[PDB]
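Shown below, as structure tokens, is a lone chain in the form deposited without the named molecule; questions about how it binds or moves come after it.
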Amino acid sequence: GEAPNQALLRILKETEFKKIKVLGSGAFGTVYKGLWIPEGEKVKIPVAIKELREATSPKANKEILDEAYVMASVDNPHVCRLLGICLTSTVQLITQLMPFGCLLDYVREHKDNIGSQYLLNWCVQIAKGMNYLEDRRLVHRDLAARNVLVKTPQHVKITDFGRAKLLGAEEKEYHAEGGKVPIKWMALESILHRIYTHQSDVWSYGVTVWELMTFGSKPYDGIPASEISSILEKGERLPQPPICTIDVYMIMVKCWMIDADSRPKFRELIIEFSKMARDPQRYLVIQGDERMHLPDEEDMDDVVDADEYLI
């Protein structure tokens, strides 16, 4: 017994947007940075555009539309909203432009300039996003610093919904069949039994914050993924990041409990990081913290952020 999903899938015309430049090139297709100018609205909207490869399998399209299905059914400040799709010879997915790209890349490039206030703020925002996903009974199933985008250094959003699943109101657990999977982010219960929960997302949340507090270090690097299940069973966990007070690290550890019900709830994480965010230098010890500072076309006059463009 679930509510009808009355979200609107918007169909865009190829004429309504112009692609300025190429963010990335993929086997699947090319991702473009461009502007979306809805017809006769006198606004221009920074967008990221996927244009799928000319040779597109019927599986790859059926899979991509699921991602669009999800990204369209979400409305939250800390989740990437999807503006619409374009049904050209190759389908185009259209999302809000996240100029600073991947959060993982961002921490790697800026570690010297990143301060406790930002880190903790990020932890909170991701927790809010994930909490919203729980309200929508959604399980992301692939949360990692690679899948959080940076709109501004002070505003990050969760992304990459390709693996996301929906739970029947009765349904409590998700059972899956073999596919490529992010072993080093996964709950143990997921690796052993292909089981996913809102709580298995918390585990991945744990790993995600750990990525941020190590400035982009690779979890369980040097050890092969085939070994991970046996190692968690032993009780071994990721080490405490150098900048991390026990308070923060405690919290990560809790995400990695084995009794999944013993792990914290995203709403609780929101609360804990939010307390900590108030007094950042008490909870993260970073050299030079007190002094760190963090932050085209001329057609900019009419530009509006997707976040301010509401339908």
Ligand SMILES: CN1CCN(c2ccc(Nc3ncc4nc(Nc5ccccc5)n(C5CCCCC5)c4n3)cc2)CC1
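What we label the rigid core is the largest C-alpha set whose atoms superpose within 1.5 Å from one form to the other. Residue numbers count along the first chain shown, from 1. What changes on going to the form deposited with the named molecule bound:
- After superposition on the rigid core, displacement of the C-alpha of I246 between these two forms stays below 2 Å.
- Comparing the forms between these two forms, the C-alpha position of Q287 differs by less than 2 angstroms, with the core used for superposition.
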The other form holds:
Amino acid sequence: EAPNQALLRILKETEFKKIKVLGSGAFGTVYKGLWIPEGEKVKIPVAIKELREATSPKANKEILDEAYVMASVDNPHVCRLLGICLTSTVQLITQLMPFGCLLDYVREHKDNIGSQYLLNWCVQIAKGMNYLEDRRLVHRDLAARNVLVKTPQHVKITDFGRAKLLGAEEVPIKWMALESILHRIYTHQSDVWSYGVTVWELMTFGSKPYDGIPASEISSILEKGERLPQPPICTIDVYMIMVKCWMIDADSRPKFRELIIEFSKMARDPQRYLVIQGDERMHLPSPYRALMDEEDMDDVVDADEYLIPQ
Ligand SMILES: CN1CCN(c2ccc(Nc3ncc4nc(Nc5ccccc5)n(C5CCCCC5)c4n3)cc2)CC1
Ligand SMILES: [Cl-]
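Right, the form deposited without the named molecule is done, so what does the form deposited with the named molecule bound look like?
Then the entire complex follows, led off by the chain already shown.
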């Protein structure tokens, strides 16, 4: 196979300061932070994710593996790893996304969320997924929760902890495809099914899937031929696309490139495909933004605009 020549970058702790805790879960906590490269004189807003001071080795293999994947991908619609800090315990530095995860975002802003936005995200997510397919990577955990908003217009995929190379030996039941659920079989197409759910989450503005239903339950339910309900705002076409994602035969499921194309068409005439009350009225925020508490963000540069050789 091809050699991975991605460069892994190591950063001194002195380089960045962690302002706040974005979230804490399990043994891992993520902080909003500012990173300054050594001679660069640029300030970068970053998220630092560190697994616990507890340094259990099993965990470490896990965090490092995720970083390896993140280091290895370049796309507008996929999150990438800025570098790593080895002090005390490994931490991952990646560009901060100000608006947080999409799933939270839909729930919070649902009244103000446009049809055009929903389709665009749908298109954007597909583009990111397609890139991974190009890189032969199976995310193996795509969810609305795992999509981050740089801006309302722009979103990218993340959480590559579960990611594996295709055909490699090497738990979100609801997202998971049936083949994966029954047989622990994962393929991009398995990935595609997950995308369909993600679309469903967005379409319903963050509604839970198979809500009130136990996970053990799900395999049979799927077995029956049951599937998620058409969302109220979903036109028959848009829904129909979703259903294809949930097909028993994976080869039957639509390819990611195909998905990008179909949604893209809809985005031209968003109103036709999604019906929302007051669609015209809604508008959404943009970035200065200075979310971090700094007087001096003259030099702030986004990670997207911050580049290094190779
Ligand atoms: C209503 N609240 C909800 C929480 N909130 C918020 C959360 C995240 C962000 N942005 C942001 N950016 C990059 C991230 N990279 C990882 N995670 C991450 C994963 C792998 C490597 C490095 C970072 N995260 C995690 C995703 C899980 C939840 C905590 C933030 C990230 N989060 C901005 C605001 C403030 C508003
Ligand atoms: Cl689940």
